[PDB]
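Just the one chain here, the form solved without its partner chain, laid out as structure tokens.
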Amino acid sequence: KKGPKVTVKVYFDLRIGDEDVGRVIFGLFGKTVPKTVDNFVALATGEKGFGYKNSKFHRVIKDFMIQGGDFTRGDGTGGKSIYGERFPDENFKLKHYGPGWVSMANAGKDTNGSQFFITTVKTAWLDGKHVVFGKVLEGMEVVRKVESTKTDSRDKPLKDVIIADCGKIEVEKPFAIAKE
């Protein structure tokens, strides 16, 4: 009850190939990292005319993370933010406290676009390099299902892991969560 406040939620409804695998719900920390949260949320709602719906997770590493958000190329080379192709690191106030914490994937300093990690273990080695902005609240078992999927040499799922639907769920009263 001492950690960051969840100010808004996002859902993803996921499929692996032609299998419906369920819903993941994230809580996002809009008081801590509003710019980074606003990007992720808008990409989830598709409200700028582009975003995560119909896109695929392109990298899965068991006992590390699953990575998605490249809705332009589906391979890690693409993606774009609501702020243009790339935007700077907002802050590093939050750490990767435990499994299910969500941060921006990047290509170095100030190269945030649309790609994100959903961590599946505590990933302290990402602290200070990747902007942490949310965490899984519900559907960690769906994350685990994706985490276990078979992959190619690029660690890309053999069967497309598709965000079949996504959007936001409003939070009337922001609530603090534990840093774990």
Contents of the next structure:
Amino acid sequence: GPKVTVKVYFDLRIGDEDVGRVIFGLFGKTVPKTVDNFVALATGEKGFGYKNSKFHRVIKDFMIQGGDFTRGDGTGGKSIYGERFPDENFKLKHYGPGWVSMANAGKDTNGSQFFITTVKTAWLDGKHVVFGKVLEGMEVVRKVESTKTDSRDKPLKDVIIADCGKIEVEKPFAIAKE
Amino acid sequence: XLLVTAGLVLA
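I've shown you the form solved without its partner chain. Could you give me the structure of the form deposited with its partner chain bound?
Next comes the full complex, and the chain you just saw is listed first.
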């Protein structure tokens, strides 16, 4: 389908346990600016980013949400473009499990929060900017999806991004296609 | 319901 232009890895921990690595493929030709923001926050380039932040909200059979590195509760985060930035486009959809999309507070309020779907979420199409998909590591996404949460859907054991970074792609490549 | 928002979490 769309072409992967850059990859990003996250090493996750659930409570006191190293659980594995997730590798994302990002669609920099489709949504260049939303991809640049995510990659810059994964490398910590501009002095702030995702390393050591938590996934604050996970709901089984829906998605896992993270990226609030300032407040850690869903109300914070910021982008490399300022505190919030506009919706770039809605060309890609939440096609099935493993797609990565921007969380927001309505139209044009993207910051740093994102979610990874664990099911197709067609009701979010056209309202959230989709910009990448999990290439490797869907089984560690399912382990975070299954952690116990309290009644506010917050993990009882902290799910931490212990390390993260960019992996260069020399030739953009299409995802498995149909 | 099943939304993914940042600030006012809804049903």
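Shifts are known only where both forms have a C-alpha. Residue numbers count along the first chain shown, from 1. Note that the rigid core is defined as the largest set of C-alphas that superpose within 1.5 Å between two forms.
After superposition on the rigid core, a single segment of 3 or more consecutive residues displaced by 2 Å or more at every C-alpha between the two forms is found, at 178 to 180.
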